[PDB]
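Listed next as structure tokens is one chain, alone, in the form deposited in one PDB entry.
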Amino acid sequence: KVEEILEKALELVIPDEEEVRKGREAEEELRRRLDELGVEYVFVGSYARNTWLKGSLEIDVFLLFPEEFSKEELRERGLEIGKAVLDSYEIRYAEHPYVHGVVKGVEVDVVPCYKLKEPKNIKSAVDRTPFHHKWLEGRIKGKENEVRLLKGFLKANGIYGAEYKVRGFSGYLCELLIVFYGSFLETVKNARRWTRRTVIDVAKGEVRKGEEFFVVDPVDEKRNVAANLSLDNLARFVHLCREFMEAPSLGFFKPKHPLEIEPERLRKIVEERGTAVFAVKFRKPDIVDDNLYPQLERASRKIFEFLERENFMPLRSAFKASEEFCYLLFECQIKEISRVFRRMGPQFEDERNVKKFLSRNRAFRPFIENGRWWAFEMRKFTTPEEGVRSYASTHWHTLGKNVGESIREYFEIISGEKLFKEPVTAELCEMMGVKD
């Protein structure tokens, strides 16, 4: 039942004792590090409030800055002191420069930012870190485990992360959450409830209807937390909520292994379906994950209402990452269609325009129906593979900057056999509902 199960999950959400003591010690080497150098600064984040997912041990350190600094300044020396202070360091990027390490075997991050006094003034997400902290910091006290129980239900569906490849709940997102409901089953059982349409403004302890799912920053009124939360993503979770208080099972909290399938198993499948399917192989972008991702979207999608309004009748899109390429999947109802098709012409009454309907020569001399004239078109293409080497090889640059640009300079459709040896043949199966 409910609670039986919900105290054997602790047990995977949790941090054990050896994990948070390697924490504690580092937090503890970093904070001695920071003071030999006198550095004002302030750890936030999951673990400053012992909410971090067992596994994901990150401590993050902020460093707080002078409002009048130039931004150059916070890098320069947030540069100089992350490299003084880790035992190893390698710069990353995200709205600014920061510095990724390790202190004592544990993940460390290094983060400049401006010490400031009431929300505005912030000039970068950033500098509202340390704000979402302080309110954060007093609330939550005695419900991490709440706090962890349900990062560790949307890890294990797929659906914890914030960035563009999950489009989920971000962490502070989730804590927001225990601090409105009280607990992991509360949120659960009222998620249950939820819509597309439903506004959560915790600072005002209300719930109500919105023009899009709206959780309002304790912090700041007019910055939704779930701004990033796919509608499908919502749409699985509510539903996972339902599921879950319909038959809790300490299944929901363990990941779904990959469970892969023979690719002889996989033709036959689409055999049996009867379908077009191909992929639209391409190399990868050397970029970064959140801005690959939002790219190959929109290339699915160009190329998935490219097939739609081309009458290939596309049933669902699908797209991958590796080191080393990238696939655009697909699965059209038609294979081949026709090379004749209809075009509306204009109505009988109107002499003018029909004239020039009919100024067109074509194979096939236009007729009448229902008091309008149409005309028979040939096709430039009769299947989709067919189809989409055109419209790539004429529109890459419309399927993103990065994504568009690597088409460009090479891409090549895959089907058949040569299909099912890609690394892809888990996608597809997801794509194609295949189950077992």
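Throughout, rigid core stands for the largest set of C-alpha atoms superposing within 1.5 Å between the two forms. Numbering follows the first chain given and starts at 1. First, how it differs from the form deposited in another entry.
With the rigid core aligned between the two forms, only one of 267, 316, 77, 342 has a CA shift of 2 Å or more: 77. Residue 194 is not among the residues whose C-alpha shifts by 2 Å or more between the two forms once the rigid core is aligned; its shift stays under 2 Å. Relative to the superposed rigid core, the position of the CA of residue 212 differs between the two forms by less than 2 Å.
A displacement of less than 2 angstroms separates the C-alpha positions of residue 249 between the two forms, with the rigid core held in common.
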Second form
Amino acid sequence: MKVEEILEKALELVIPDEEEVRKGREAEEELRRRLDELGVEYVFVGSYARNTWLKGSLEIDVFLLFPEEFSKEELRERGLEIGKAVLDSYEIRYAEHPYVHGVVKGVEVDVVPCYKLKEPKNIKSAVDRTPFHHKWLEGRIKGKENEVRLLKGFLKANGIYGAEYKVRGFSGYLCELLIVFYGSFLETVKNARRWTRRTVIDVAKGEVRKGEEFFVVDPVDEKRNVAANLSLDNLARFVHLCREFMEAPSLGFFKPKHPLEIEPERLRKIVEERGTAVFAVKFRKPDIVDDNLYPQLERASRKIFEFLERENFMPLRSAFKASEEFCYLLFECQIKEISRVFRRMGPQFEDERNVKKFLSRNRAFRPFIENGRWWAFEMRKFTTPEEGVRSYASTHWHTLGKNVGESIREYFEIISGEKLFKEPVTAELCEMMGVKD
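Switching conditions: you have the form deposited in one PDB entry, so give me the form deposited in another entry.
Just the single chain follows, nothing else.
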């Protein structure tokens, strides 16, 4: 097991077989014919146009070029009209920039409308750079497409591929830029081992400098950070994965990790061993796009975690899961039950004005003096994390994300114990607690 031989075997996993390629070329030819029959102006971009698409994950991107004077509404209406007329079956679901997704002779297709600008200067639609990325890449990625595939396969197998909010990882484009910059997958991995959270990679200048945060400047637009949505943690996982890989090569790094089935009876025993409070807030999943949902699940989950820490329940970690039916914010605290009494800091004995106001307070236990200042015993309105969250969630629902919050407002429940291990969250909990196997 040496890098050399391993990467040789890995190609079998990332390179599309001749049949899959034929399927794409055949689908390409059909798109062309449907589009030419409409006399539409288009251009093939992305993975398929450059032959850097990962085996099994083929998607053809067709970009409909529109004059700059056109309305964003005209693009949407016209582009959606063209997309629907050109796909066997289609689906329209997006967060902001419109596009049609569908199928042609068996392969996934994305028909997207954009403005045909000159200079990726001041983009008008969110996707106007894409055509220029193609221009900039077609002449430089030639001969190294399999190197790109190795990188994509590597990141995909380890859950950090996509740049969408569900993953906060490396986009396909970023991968190609990295390949152009380092020359190959091995080189990229070798150098990535020394990346820092301040690393700046400028491919157009062929330079690596120190910066404010992780920044990969787009050759097409120097102000654009291609890795803007790559989370710090995901950057850290990659760098580490790169160290581990070079240290002990294995094509296991290209094989998707074990689905993991682990029985609920085992989870119960682990939680018992841990002596922690493991619970979850359950509510109905809002009918909105992944790209809108996840950031809200992140916020809600975080706002509640902070409530748990300032409330002294010693939160350990939080996680979340979304099924098609419901959503779950998961928590584990070191404190299952806290006392009713606690001490609140008061003024220094020195100024009677404030000491006076501090003592006029109707109180159950009579404040005391300790180290030069007054302190008072106070009673909590709740003593467990669950009682706390039920309280917080019912009252601060509006701060847990627009849609996620509104849903919790109309309904939510706190699941714990055995009734929790039944829900579709065992995987997430095991992951959250670091259960190995």
